[PDB]
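One-letter residues, chain by chain:
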Amino acid sequence: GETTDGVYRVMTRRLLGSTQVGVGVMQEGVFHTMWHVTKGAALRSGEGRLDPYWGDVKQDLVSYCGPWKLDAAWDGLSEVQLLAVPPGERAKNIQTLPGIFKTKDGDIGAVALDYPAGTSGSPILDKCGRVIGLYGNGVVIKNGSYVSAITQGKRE
Amino acid sequence: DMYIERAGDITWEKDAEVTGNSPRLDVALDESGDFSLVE
Ligand SMILES: O=C(Nc1ccc2c(c1)CNC2)c1cc(Br)cc2ccccc12
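These protein sequence lines map, in sequence, to chains B and A. Every position in the first sequence, counted from 1, becomes a number in the deposited numbering once 15 is added. Every position in the second sequence, counted from 1, becomes a number in the deposited numbering once 49 is added.
Hints may be right or wrong, so weigh each one.
[Claimed, not checked] DSBU-like mimics (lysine-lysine), calculated; alpha carbons at most 35 Å apart, straight line:
hint : chain 1 : residue 1 : chain 2 : residue 2
1    : A       : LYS63     : B       : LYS84
2    : A       : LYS63     : B       : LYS142
3    : B       : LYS107    : A       : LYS63
4    : B       : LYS169    : A       : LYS63
[Stated by the list, open to error] Calculated from the model, a selection of chain B residues having no Cβ within reach of chain A, i.e. all distances over 10 Å:
hint : residue
5    : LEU31
6    : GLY39
7    : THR53
8    : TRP69
9    : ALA106
10   : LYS119
11   : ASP120
12   : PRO131
13   : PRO138
14   : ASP141
15   : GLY153
What the hints contain is simulated information worked out from the structure, not anything from laboratory work. We treat Cβ as the ideally placed atom computed from N, Cα and C, and that holds for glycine.
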């Protein structure tokens, strides 16, 4: 259906009213989102049928209509922007400086911004505009707040 | 059935809201793709 490059909302009519389960990124005929948002279920754009192509539960990523296209990477020093698309509210660019997630398989970027679970799949942007990752999977901190990883997929 | 609704353009906007901290947190990732606070 609508394959215009941009950021999109992931809605469902299964619950009371229309409920925003997440956000996604349409780039190069492929819709990239977080896995827990759709759970690999076929989406719909207008009348068009968007079918899954690739996915991984550990990475928590899923691509529709084609392989993963987003390949920008955080430099480790520069401030980033979160194109936050909240449920019921307009999209907003929130600039921040990311922290760090220390894991056994290397370190990854982390955005410490407090948002509802329906904002999952919103793009983390760089100063050029490129999508360096997805907001939606992280951990709940000692203060209640949420710190999300900068989740990036793999190009071919 | 789920569906998509366009929400905007992907652009870095200058003079935007600069908020949020930078925390270094020790975490672990599991087979179900969930992060856990390891201390
Ligand atoms: O539910 C959330 N995230 C998530 C859920 C289920 C799964 C994953 C991530 C990855 N493996 C399956 C969540 C996202 C956000 Br933006 C803010 C939150 C604030 C509080 C509590 C949870 C969240």
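Status of the hints after comparison with the structure:
no., hint, in the structure
1, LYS63/A x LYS84/B, "holds (26 Å)"
2, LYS63/A x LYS142/B, "holds (9 Å)"
3, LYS107/B x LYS63/A, "holds (12 Å)"
4, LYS169/B x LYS63/A, "holds (29 Å)"
5, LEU31, "holds (15 Å)"
6, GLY39, "violated (7 Å)"
7, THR53, "violated (6 Å)"
8, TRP69, "holds (15 Å)"
9, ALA106, "violated (4 Å)"
10, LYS119, "violated (7 Å)"
11, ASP120, "violated (7 Å)"
12, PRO131, "holds (15 Å)"
13, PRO138, "violated (6 Å)"
14, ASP141, "violated (7 Å)"
15, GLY153, "violated (6 Å)"
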